[PDB]
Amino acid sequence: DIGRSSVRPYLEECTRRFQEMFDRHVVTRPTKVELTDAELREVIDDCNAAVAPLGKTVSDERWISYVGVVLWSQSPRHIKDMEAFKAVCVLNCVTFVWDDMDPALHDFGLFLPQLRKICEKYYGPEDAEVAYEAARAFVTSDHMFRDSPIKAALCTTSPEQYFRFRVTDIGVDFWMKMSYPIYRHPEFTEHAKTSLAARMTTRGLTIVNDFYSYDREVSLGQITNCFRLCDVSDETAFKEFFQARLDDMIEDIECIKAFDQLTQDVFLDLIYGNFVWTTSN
């Protein structure tokens, strides 16, 4: 009865264990990026304009809720380009809206030009092409894998196949390829473009997201959640699985520390900031 299953009995304990892991392995607290009133207004206006052709209406409160992940998960101390930062705010929010839509209502002809428009506004010509390609590939993947036997096979076989799918599907490759111009750091730029950046950070983002979304997703019949690979109703089976996932996170974080200082800060702020945002309110 997977649709009725729940990780609620482990909610507090898992939250505590995630935080303890971060404190032991990352140490540095993530800090939230503040936008001026004018910056937030510009982001919201661009969000509304991108989504208007689809006849979609979204409240300011919803935009602000969606943009939180960007505010908490970027790396404030390393920011050099706030135009690129605003682009990521806009692109994150509007693609989140796209992902939330009935796939029948997905109109690539109307939406793709809006993504292009955003990228051309905020990025230089080279970066605009990279960010747009990543956005395009992301939304196209989102569309392709609805009701796909490939999605079923990748998500039900093993944690290995599942995270391999989530590199794209959770949006982290897209995130890196739109976020590197924020930092203008040659090493990070290359790790983003090669997708090694996304590969290093996929598990830490996905494990946290999946834990806190499990109950809702399972009730909606969504299969893209690693905790569906264990019997959550069996306390000992869940605990062994959860520990294996913590072990995955730790191994990633410890390898992340081999990267240069700025790059590792960006990677760790992303994984840890995502956890803070997911868990807030």
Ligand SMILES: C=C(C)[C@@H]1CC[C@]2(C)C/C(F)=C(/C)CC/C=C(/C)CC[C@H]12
Contents of the next structure:
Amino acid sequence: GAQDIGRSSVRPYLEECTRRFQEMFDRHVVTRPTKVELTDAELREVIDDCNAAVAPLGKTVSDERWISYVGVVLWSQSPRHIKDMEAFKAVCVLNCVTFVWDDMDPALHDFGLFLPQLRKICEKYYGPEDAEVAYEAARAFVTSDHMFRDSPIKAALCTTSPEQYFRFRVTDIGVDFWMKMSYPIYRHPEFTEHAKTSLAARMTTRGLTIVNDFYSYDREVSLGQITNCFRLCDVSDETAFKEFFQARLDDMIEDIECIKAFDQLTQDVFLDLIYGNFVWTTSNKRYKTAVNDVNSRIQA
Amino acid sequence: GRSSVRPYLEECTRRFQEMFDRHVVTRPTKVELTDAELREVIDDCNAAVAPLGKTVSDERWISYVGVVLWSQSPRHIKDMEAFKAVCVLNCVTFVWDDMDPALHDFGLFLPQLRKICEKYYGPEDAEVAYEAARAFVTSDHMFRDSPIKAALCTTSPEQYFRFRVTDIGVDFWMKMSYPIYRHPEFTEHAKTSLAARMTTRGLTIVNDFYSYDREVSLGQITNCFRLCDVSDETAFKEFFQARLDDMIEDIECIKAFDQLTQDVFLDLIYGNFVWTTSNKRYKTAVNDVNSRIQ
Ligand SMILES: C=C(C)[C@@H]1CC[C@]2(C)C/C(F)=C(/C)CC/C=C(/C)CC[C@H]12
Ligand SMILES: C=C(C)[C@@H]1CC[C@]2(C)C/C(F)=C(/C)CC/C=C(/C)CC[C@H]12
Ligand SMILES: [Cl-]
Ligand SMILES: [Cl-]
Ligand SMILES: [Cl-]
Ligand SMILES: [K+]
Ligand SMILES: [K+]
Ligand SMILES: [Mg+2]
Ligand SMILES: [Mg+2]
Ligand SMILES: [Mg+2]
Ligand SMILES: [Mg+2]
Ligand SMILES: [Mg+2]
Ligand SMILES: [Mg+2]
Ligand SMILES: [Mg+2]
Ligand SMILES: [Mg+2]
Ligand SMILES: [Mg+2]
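Based on the form deposited without 2-fluoro-3,7,18-dolabellatriene presented above, generate the structure block for the form deposited with 2-fluoro-3,7,18-dolabellatriene bound.
Below is the entire complex, every chain and molecule, led by the chain shown above.
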């Protein structure tokens, strides 16, 4: 009793959109992101921290799956500006364990067991004041992801318009959290302020989200997840899809041009985040098959 | 030509109100602070800005405080100490907003904010309120002709409203106001800033319309009506209708939140309109209560 297969996939458009994304970055960012190459002992300080954090929750996560989560941090920070490798490791761990939370059936969502682990992490890696800002944002993200599961507010914000949708994603895609745990990496006063006002997150939300949405569309509709801007257009209609996609390209371009008004080091961090997320997204098994050993729901 | 939106004052006021009556319906209710409450607030404001060395009159404090009196959600208030705190913090950062930036001494003012926050709030909420107040005044200061403010207020309504989530003080407002209500959902939306992101356009479009003449006279660029041609009534009308449509869109989406939270959001937007149209600050450009503080 067939449903709407023609709306089930953006796979027809995969090559052309990938090409167009890359052309856009080449014309407006130019500088290619840089990957951090951790060592193995060093990677096992991150991963055993990740396993320790989610271990109380009772679900095993493979090293392969951790790898899929951690790549976004390796590719989308600004390695040239790092001064707190402890803060960098915190962001690797915090990113990864909240990625697990994102992928979990909400039955496993135990704040009483998981929150204490998040405080544990922020304390090993951050000075006591930055540990406070990182913990607040991690708490706020995991609480948001959880209460908004099948939520009326999410329904309305994901159906009305792109600008309502992106307003939801400032928090839900995790970028506000990202900024508020990453500023200790850089010890840059201006970026720290843009991080704490959330202006940093507001400038980078669309560039992160549009890319994530395109490449996670197939998995998300097969699972009934509504948080994806391409559900706002008719992806079965090539003409309509193209107009929508160009509108989203225009969004990214305008944000990138305004990020250029920020000071030199802040804009490097912002642009490495957006462009690094795109390199990571296109290179990661997470977004290559619909359902896999690193991206299928962790069900309970 | 582009100097003024005076010609459209009556029509735009009419249209704002019609929009609220059809979409919000329920009218703001003013808080009637008692005397002991009101005198405490003003004395507190004067103590806070005294280290900056400038006089603020009672009628200037009253004009600032009216937004809190009109734009909270009285029938849901639980903690009047938190309400008094929002009165004081709102007012003293309004003074900061009106201060030409040589006066901004963080080492003298930040301790004042900290002590206000600790007096009226518990230990956890005092930290959230203080960080939000600190972020606001720092942002107002660091963006006085910054290039970032340049790009974000010139490019599109998009970048502009993104700047105003912080710069119009609404993120700060939410983070100091959630203790008033003790409503866990509202507290989450406040701390994620989703509450601020939902209410920014409604507050800003109204504020920008009625503060345009003052801001343009005094070389101030943070105003969405500067994005469009107020020379041409037809272009102004198109732009003003696009802004009304934005407000409507936000209000209709706000009616997805839980009943109480949506009450607070909508009383904030509608109450700001009522206060703005009754406040001398938002008539003319130079007067008793909106003059730069120098
Ligand atoms: C805590 C991390 C950082 C959180 C974890 C879940 C998140 C919502 C997953 C998804 F949205 C990722 C790949 C997009 C990458 C963007 C970063 C800024 C934020 C990404 C999110
Ligand atoms: C925030 C909202 C409700 C309203 C609406 C815009 C406002 C009129 C402008 C301005 F004064 C702000 C930045 C400075 C003081 C901050 C807030 C708390 C209150 C101040 C005002
Ligand atoms: Cl610290
Ligand atoms: Cl925000
Ligand atoms: Cl408290
Ligand atoms: K666009
Ligand atoms: K519009
Ligand atoms: Mg998610
Ligand atoms: Mg997800
Ligand atoms: Mg996705
Ligand atoms: Mg169809
Ligand atoms: Mg201002
Ligand atoms: Mg002002
Ligand atoms: Mg206290
Ligand atoms: Mg104004
Ligand atoms: Mg007067």
